[PDB]
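Given as structure tokens, the chain that follows is alone and in the form solved without the ligand.
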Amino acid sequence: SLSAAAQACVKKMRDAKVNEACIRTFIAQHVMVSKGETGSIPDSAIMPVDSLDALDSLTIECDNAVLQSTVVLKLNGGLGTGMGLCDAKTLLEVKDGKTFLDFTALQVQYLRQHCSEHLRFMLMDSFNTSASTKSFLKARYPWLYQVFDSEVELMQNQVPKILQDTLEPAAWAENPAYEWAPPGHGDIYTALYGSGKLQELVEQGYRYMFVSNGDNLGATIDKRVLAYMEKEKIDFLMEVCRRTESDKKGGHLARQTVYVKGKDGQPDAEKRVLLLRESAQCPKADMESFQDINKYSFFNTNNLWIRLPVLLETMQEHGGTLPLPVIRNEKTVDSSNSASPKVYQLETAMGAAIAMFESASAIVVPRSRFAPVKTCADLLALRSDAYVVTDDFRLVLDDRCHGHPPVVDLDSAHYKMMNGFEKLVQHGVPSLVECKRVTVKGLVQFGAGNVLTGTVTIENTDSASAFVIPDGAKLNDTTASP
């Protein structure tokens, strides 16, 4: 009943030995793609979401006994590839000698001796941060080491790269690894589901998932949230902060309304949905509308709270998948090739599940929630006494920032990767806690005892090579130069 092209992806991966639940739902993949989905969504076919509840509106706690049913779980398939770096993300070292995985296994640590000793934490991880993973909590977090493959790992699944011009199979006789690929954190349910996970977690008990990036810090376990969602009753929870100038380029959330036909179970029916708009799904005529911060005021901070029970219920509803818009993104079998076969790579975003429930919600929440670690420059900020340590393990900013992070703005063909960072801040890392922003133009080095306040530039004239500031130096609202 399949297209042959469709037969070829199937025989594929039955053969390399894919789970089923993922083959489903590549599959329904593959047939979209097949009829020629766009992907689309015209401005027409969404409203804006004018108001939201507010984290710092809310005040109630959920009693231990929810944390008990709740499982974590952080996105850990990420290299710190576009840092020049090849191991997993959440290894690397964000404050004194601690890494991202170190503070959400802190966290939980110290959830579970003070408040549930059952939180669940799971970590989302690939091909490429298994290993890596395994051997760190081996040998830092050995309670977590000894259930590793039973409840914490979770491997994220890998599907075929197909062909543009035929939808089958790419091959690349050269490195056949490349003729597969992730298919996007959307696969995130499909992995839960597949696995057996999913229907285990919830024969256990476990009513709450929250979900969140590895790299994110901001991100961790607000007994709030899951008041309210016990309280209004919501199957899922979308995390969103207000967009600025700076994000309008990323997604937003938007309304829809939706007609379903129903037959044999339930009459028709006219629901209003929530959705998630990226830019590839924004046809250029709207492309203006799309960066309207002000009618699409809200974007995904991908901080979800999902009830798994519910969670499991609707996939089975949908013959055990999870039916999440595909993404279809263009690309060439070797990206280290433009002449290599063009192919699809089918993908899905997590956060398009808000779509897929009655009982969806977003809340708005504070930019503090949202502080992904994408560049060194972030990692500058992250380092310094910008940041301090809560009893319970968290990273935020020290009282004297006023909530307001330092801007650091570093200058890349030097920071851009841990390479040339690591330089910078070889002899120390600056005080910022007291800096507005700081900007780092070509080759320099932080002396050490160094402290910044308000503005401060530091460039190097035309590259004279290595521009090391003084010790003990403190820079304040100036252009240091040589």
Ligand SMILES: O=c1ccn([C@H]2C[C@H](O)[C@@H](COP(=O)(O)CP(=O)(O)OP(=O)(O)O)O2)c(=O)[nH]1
The other form holds:
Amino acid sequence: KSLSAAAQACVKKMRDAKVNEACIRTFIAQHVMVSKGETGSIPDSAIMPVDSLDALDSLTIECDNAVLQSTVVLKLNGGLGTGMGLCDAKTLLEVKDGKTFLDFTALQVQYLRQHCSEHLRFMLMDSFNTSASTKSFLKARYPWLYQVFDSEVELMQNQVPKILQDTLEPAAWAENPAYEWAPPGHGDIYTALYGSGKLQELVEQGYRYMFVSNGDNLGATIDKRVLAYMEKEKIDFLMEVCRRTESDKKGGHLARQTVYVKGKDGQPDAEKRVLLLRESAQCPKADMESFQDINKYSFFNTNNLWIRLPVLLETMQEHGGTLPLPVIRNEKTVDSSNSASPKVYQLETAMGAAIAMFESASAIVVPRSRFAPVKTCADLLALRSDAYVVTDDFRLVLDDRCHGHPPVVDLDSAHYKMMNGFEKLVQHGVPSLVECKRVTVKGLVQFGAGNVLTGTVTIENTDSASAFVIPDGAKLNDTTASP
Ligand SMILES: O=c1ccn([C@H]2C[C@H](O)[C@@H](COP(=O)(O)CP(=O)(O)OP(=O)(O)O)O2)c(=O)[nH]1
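Would you mind giving the form solved in complex with the ligand, to go alongside the form solved without the ligand above?
Below: every chain and molecule of the assembly, starting with the one above.
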């Protein structure tokens, strides 16, 4: 009511689409913020760095199994993994030995149900793109999960209209009606859990803790030392972070901020703390130096989050059924391929940003073994290789002969960024990267079946007339090999 015609059009639009009401309430709130000209900037003058945290390696103590019976595991399955040029679900790529990401997860859940807590709950966050494939995979590979897939496993992600930069109205593309919508970031999970009523369901069913992570990350597995830690320190929201390195200067960082509880009564000294998240887009042009200074801001979000659900539900109800979160303003056109299509805004939230929205919240430093996404085919190769190994609880860990360090793989992105070409590289077989510090492939190359490599291994093809084919059983140590 009393909303600008622009907003009113969006409501009307989403109504006809039969869009969940929790999404419309949330999105309009976000639409208003933008319309009022909220910059969304997070300057250094508004924040202080975080310098000390508990480490996961230091905790020894495991929780009892009764805890795990009220735990929910939720993976994010929205991504298409187009970065490797794949038009279906990313989690469905083979990782090791005919097993996909979705395989290792399902097998890990299986372990916990049998050997620890049978009441453990598994859920998935699917986009419209990933829903069918995910269901079809489970129907063949994991019946029990499929059986309930529709009923309590699958949580569908919402879609939100792209608004015109020019009038903030819902964009209209007659060529492709589907391009009028966009996913609202992975922070939509909260809005999805509320409107679907599945938050209310779980809590009523006596489910307290939930662990959320990215599907493409095989580092993220349940660790009972984290659950015990939360119970002991009464934490409602725990964000796993790894250390920010030279490579991570582009990535966002964990920071802290101050508000005050009402009144100045008590000892007039002690302050408050809130933990927030700052993406690069939120940082102003002037503060970009410190932002990339990893000695000041030393931690980044691994997106492995443990949440206390009843508290989470309570919090949303205080704010009228939604969870306010900082809104990234995505500047695009309605059809990304068309440069001359109408310029639009896409409003997106991050799931890690909610940390600042909880009274009892914290951040724990985990080893980078717990942050292992496969963004590229180079990363995909490492896992196929014998450098890694599958455990009896179905974890993926680095073989002991690597002595803690995983083989760096450089692939020529002209040929190998695409999974298509990449498969041709490994077509005849797979090499042994366990003893290989660094491997590099330039130009067009195809591997022999059973080869092995040690130390620095460079493979260069400048000719690029056909492909340099490695002999079977060939061995390369601290060398470059061209034809
Ligand atoms: O909105 C989301 C975003 C991510 N993911 C999952 C899938 C991802 O593995 C992960 C984070 O992906 P991102 O950094 O967001 C990248 P991007 O989603 O642009 O990727 P593709 O273009 O789809 O390939 O969480 C979701 O389930 N929902």
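We call the rigid core whatever largest set of C-alpha positions still superposes within 1.5 Å between the two forms. Residue numbers count along the first chain shown, from 1.
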Candidates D96, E174, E232, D268; compared between the two forms on the rigid core, the one with a C-alpha shift of 2 angstroms or more is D268
Exercise. Can we say the CA of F127 moves by at least 2 Å between the two forms when the core is superposed?
Worked result: no
